[PDB]
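What follows is one chain in structure tokens, specifically the form deposited without this ligand.
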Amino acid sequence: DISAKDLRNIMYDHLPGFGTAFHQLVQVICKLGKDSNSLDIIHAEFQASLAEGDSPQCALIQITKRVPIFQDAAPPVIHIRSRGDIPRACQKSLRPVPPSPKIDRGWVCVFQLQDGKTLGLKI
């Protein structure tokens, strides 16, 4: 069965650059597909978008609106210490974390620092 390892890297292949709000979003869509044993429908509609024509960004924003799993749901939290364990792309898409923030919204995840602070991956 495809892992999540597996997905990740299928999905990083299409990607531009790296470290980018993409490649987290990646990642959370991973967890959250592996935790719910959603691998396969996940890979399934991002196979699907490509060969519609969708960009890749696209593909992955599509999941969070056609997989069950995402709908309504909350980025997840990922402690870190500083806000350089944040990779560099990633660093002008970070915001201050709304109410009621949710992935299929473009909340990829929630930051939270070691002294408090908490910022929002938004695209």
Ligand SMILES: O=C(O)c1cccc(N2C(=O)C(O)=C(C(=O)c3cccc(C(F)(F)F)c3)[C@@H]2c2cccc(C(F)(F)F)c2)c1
Given for the second form:
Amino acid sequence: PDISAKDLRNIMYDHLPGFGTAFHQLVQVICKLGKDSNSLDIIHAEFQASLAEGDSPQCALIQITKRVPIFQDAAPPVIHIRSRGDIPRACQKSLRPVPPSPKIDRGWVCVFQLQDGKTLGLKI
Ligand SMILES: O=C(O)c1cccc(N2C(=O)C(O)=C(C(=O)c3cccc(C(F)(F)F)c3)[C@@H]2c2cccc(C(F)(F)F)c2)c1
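Okay, that is the form deposited without this ligand; can I get the form deposited with this ligand bound now?
Whole complex next, starting from this chain.
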């Protein structure tokens, strides 16, 4: 049966070091956007092909954002959270002020919208 978003997330997580890193959140974003555009199969194929060519899994994930057309010139998704503390420890130092026109294929993984109005971009 078809690969699900959760299955793909787990496959990608299996290749990443650490826990709750910016790359883990990029997996989340790739899987959610991929699910919503019925593109999980090509995303998985690009991931596996990059690994097969010898790329690191980090590089494979970035290549997805540049080579799978749903991500080309796409803005990062907005994720609503309560406070900065909801964001995983390993992501904290990757949080930045949000620039004008952030793009996933330029390393802006997602934008966190905090409950008090603050906004932070997650950068790789
Ligand atoms: O319902 C699905 O089919 C599905 C598929 C793939 C991913 C997820 N997600 C989650 O279940 C989830 O917890 C999402 C995380 O990105 C997330 C969601 C909230 C807070 C945080 C934080 F810990 F980084 F702060 C992370 C994540 C997610 C949900 C909504 C939107 C995104 C997106 F904005 F694309 F990054 C990600 C859901």
